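Quick heads-up: it's one chain on its own, the form solved without this ligand, in C-alpha cells.
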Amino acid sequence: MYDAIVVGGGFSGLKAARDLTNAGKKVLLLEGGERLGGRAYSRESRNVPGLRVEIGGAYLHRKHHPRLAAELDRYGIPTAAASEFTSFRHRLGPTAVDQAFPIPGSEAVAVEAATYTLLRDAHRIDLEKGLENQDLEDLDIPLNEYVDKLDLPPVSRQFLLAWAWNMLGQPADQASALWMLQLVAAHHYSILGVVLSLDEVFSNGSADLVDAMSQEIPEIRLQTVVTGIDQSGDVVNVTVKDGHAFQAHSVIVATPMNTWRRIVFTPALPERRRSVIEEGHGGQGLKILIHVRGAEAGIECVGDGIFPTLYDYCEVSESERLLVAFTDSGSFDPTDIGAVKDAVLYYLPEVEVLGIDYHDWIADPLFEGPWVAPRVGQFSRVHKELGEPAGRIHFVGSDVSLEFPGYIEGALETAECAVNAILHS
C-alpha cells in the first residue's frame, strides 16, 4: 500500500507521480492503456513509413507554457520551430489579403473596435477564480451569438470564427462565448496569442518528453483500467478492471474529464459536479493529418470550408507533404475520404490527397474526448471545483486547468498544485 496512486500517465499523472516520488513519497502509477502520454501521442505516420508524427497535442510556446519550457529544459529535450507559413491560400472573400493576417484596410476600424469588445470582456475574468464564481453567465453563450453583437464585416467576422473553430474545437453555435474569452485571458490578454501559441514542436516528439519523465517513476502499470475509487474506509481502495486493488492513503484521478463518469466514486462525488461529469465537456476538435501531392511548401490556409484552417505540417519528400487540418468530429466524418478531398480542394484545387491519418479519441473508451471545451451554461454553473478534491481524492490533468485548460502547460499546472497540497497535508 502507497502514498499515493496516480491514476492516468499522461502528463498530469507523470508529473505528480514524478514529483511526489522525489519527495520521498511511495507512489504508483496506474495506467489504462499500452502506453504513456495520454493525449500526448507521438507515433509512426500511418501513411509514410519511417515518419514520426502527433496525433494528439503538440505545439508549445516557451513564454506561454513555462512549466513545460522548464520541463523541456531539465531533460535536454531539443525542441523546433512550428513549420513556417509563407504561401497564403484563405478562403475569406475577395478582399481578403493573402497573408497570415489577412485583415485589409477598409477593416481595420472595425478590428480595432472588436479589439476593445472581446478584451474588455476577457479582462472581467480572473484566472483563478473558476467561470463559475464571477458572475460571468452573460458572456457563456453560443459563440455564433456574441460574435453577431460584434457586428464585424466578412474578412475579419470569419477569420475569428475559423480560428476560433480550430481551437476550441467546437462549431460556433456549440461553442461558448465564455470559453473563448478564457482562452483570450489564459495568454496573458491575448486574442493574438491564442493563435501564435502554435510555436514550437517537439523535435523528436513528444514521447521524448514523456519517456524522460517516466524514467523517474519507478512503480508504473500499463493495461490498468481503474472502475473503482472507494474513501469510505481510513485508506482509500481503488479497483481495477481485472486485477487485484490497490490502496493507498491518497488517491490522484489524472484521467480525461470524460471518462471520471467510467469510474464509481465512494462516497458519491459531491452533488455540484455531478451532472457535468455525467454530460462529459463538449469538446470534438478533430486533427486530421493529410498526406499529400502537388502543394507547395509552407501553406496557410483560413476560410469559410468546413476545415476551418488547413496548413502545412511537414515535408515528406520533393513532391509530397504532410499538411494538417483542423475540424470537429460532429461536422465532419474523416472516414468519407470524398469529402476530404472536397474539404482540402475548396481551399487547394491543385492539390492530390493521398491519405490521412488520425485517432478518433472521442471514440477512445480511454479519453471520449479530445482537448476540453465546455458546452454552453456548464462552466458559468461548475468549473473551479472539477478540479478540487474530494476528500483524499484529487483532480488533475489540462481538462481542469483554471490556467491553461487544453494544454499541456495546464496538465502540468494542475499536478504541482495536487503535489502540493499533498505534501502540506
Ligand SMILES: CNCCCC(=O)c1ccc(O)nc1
Second form
There are 2 protein chains.
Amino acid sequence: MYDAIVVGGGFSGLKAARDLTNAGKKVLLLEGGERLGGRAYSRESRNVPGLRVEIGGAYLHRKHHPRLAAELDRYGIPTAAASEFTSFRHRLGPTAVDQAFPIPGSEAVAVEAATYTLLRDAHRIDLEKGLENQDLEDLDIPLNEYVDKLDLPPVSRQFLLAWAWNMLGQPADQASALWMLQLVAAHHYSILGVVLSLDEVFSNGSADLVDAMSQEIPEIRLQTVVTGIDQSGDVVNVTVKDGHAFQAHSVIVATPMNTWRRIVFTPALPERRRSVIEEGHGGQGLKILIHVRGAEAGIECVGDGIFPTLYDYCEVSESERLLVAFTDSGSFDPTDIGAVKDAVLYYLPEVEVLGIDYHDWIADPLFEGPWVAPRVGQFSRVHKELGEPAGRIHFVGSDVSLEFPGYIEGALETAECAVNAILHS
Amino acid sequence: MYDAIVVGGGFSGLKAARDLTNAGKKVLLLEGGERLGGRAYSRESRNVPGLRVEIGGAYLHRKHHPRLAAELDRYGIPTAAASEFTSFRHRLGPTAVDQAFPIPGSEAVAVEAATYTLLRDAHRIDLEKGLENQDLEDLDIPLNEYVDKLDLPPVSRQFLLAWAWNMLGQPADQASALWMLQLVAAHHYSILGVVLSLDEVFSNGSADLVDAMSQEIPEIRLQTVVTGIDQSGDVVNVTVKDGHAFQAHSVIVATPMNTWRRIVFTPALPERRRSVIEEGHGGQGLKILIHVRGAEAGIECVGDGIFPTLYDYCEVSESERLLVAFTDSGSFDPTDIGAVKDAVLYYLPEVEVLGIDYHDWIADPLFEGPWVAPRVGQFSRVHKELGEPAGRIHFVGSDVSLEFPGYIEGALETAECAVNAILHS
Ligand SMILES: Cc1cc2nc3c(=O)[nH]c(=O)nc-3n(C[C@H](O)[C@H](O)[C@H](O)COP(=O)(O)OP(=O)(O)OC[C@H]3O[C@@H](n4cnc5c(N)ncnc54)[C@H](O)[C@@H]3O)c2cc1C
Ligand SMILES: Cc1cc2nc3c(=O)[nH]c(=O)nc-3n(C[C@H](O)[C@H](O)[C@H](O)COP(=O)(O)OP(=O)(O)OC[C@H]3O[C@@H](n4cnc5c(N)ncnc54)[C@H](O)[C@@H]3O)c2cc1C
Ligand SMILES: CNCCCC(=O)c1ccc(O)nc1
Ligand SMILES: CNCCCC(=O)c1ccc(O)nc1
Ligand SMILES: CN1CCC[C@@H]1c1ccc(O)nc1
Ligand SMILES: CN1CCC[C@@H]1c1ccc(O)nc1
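Taking the form solved without this ligand as the starting point, write out the structure of the form solved in complex with this ligand.
Below, the chain from earlier opens the complete complex, with every other chain and molecule after it.
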C-alpha cells in the first residue's frame, strides 16, 4: 500500500507526486496514457518532419505564473519570448487600425467606459470564495448578451468578442460572461493582461519540464487507466482497467474534469457536484497549427472570422511557416481543409495553406475536452466544491483552479493545495 | 424700479436678462466694463493687426454643451472644427509616442488600472448635491499626492499631470484632486472627454453670440460698477460706483466669484459662504497666444514644460502662426519674453517667438481671476451654497455651476436656474 496514489500524469499529478515523494511519502502515480504531460503535449509536426511543436498548452508569463517560474528556475529550463508581432492583418472593419491595439480614436470614449464597466464587474469577484458563493448569478449569462449591454462600437466590440472566443474556446452565445470576468480577475483584474500573459514559450518544448519532474518520481505506471476509486473501507482502493487494484491512504484525482464521470466513486461524490460532473464543462477550444507558404513573418490577425485569431507560430523555411489559429470544435471542422483555407484566406488572401496539425482533445477519452470553460449557469451553481476533497479523495488540476483556471499555473496551484492538505494528516 | 437687476454682462447675465425680458419682466443689466461678454473676449491681436483672436474662452463641444448648442442654432452662429492636429512634438520622455495618445504599450496595463481607479473615484460624485454634501473630503487633497497614489509610469504620469495643469490653471501641488474628479464627472464621467470637449470654436469669435444676445436686451448700462446690494428694505437697492442707485424686486449677481468680496451685501451673506468668498478660489489659469515664425501647421505638444501644453491656434501667413500655451500665473510670467522663448523652444527648438498676447484676468478688477478652481479644502467645506439664493439675491455664473464649472455652458446653466426660480414668485 501507498501513502498516496496520484491519478493522472499531467503537471498537476507530477507536482503532487514529486512533492509528496520529497516529503518522505510513499507515492504511486498512475497515468492512463503512453506519455506524461497530459494537455501539455510537445511532439513532432504532422506537417513538417523533424519540427517540434506544441499541440496543447504552450504560453506562460513569469509574473502572472510564479509557480511555473519557480519550476523553470529549479530545473534550469530555458524560455524565450514568443515571436513579437510586426505585421497586423485584422478584419475589424475599415476604421480599425493595423496595430496590436487596433481601436481607433473615434472609439476611445466608448472603450474607456466599457473598461470601467468590465473591471467594476470583475471586482465583484473574490478569487478565494468560488463563483457559486458570491451572488454572481446575474453575471452568469451568455457573453453575447452581456456584451450587448456594453453597447460597444464595431471595432472594439468585435475585437473584444474575437479574443474572448479565442480565450474561452466558446462562441459568444455559449460562453458565460461571469467566466470571462473570472479570467479578468485572475489576471490581477486586467482585461489587457488576459492577452499579455501570452508572453513566453518553452525553448525546447513543455516536455523539458515534464521530463525534469518525472525524473524525481520513483513509481510510475503508464497505460494504467483508473476506473474505480472506493473509499468505503479504511484504506482507499483504486481499481484499474486491465490490472490488479492499488491501495492508499489518500488518492489525488489529477485527471481532467470531463473524465471524472467515467470513474465509479464509492461512495458516490457529494450530490451538489454530481450534475455538473455528469454534464461536463462546455470548453470547446480548438488550436490549429497551419503549415503555410507565402506568409511574411510576424503576422497577427484578429477579426470576425471563423478563426477569431490567426497568428505567427514559427519559421519553417524562407518561404514556409506555421501559423496558429484558435476557434472552437462546435463551430469548426479542422478536417475540412477547404474550410481551413477559406478561414485563413479571409485574413490573408495571398497565403497558401499546405497542411494542418491539431489534437482532437474532445474526442480523446483521456480528456474529453480541451481547457475548462463552464456552460452558462454551471459555475454559479457549483464551482469551488469541484476542487474540494471528498473524504480521502482529492481533486486537483487546471480545471478546478480558482486562481488560474485553464492555465498550467493552475495545475501547479491546485497540486500545492492537495499536497499541503495531505501533509497535515 | 425693475422686476430684476442683472449685475454683470457675460454670458450668464446676458442669458438671464434676455430670458427674463422675454418672459415679460422689466429688467436692467448693469455691466461694470466697456464691453459685454466678460471672460469671453474676442478682439484684435496685439501682435498681428487685423487678426481677430480669443483672449479668453473659445472652445465648445455641441454634445457636452447643449445649451450653448441651442444658442448657436437660435441665432445661426457658425462654428468650425478647431484645426485638427497632425504634428506631435511631446516632451514626455523617450518611450513616449508622438501621436495624440502618446502612451506606449509598456504602460498599457498601468493605464488600464489607473483609469479604473480614477473613474471609480469620479463616480462617488453626484453632480446635483454639491461637493460639500457628499463625504468627499478624503479626495480634497493636493493633486500631486492623489496622483502619487496611482503610481503611474512616466509617460502617462506626466501626460495626465500636464493636461490637469492646463485644465485647472493650477500646478499639481495647489490643485485639488476632488476638483479634477469633478471635471471628470462633468464630462459624463470620462477622463478622455475632458480633452475631447475642445472640439470647436466660433468662426467669427464669441462676440457673434454676445452681440446676438444683447440685441434682445433693452436696458443696458456699461461702465456701471456695482458696489452695494442691500435687501434690508422691501425692495432691493443696488448702489453703484459713480451714480444713482437702482432698485428691483430681485437681483442676479452674474459677476465672477472672486469679485463678490468687493461688493457690500446687506445684510451680510450667509456665514458658511463668507470665508471662501473672502479667500477667493485659487484659479490661476494663464492662456498665452504666441506669434511665431518657423512653425509647421497642426502642432500639438504636451509635456513636462513650464508650458504643459503648447498647440496650434491659427495660420498667420505662410511662415507665421499663432500658437497657444496654457500655464498658470503663479508659475509663469508672461511679460518675461526670454522665459516665453525658453518654454516654447523646449518643445520646438526650431521656432522663433515674434510676440505674445494675453489678458491678465487676475489683475483685472472686474474679474480677479480666470476660470474657477478651488484651493485644496475649499469646495468640500462649501460649494453648492455659493450658487444658492440669499433671499432676493441670486448667484449665477460659470464659477458656481455644479454641472459645467469653468465652461460657457455653466454660465448658461446657472442663468437658466435663476430665471426659473424668479419666474416662480
Ligand atoms: C489546445 C490547448 C492549448 C493550451 N494552451 C495553453 C497555454 O498556452 N498556456 C497554459 O498555461 N495552458 C495551456 N493549455 C491549458 C493547460 O495546458 C491545461 O489546463 C493543463 O496542462 C492541465 O494540466 P492538468 O495536470 O490539470 O491535466 P492534464 O494535463 O489533462 O493531465 C491529466 C492526466 O490524466 C490522464 N488520465 C485521464 N483519465 C485517466 C484515468 N482514468 N486514469 C489514469 N490517468 C487518466 C490523462 O492522460 C492526463 O495525462 C492549453 C490546453 C489545450 C488543450
Ligand atoms: C483664459 C480663459 C480661457 C477660457 N477658455 C474657455 C473655453 O475654451 N471654453 C469655455 O467654455 N470657457 C472658457 N473660458 C471660461 C469661460 O469663458 C467663463 O467661465 C465664462 O465666460 C464666464 O461667464 P460668466 O457670465 O459666468 O462671467 P463673466 O464672463 O466673467 O462675466 C462677468 C461680468 O461681470 C462684470 N463685473 C465684474 N464686477 C462687476 C461689478 N461689481 N459690477 C458690474 N459688473 C461687474 C465683468 O465685467 C463681466 O463682464 C475661459 C476663460 C478664461 C479666463
Ligand atoms: C507579447 N505579448 C502579447 C502581446 C499582444 C498580443 O496581441 C499577442 C497575442 C498573441 C501572442 O502570442 N503574443 C502577443
Ligand atoms: C479635436 N478634439 C480634441 C482632440 C485631442 C486633443 O489632444 C486636442 C487638444 C486641444 C485641441 O484644441 N484639440 C484637440
Ligand atoms: C488555451 N488557453 C488556455 C490558457 C492560455 C491558452 C491560450 C493560448 C494562446 C491563445 O491565443 N489563446 C489562449
Ligand atoms: C480654460 N478652460 C476652461 C474651459 C475649457 C478651457 C480650456 C481651453 C483650452 C485648453 O487647452 N484648456 C482648457
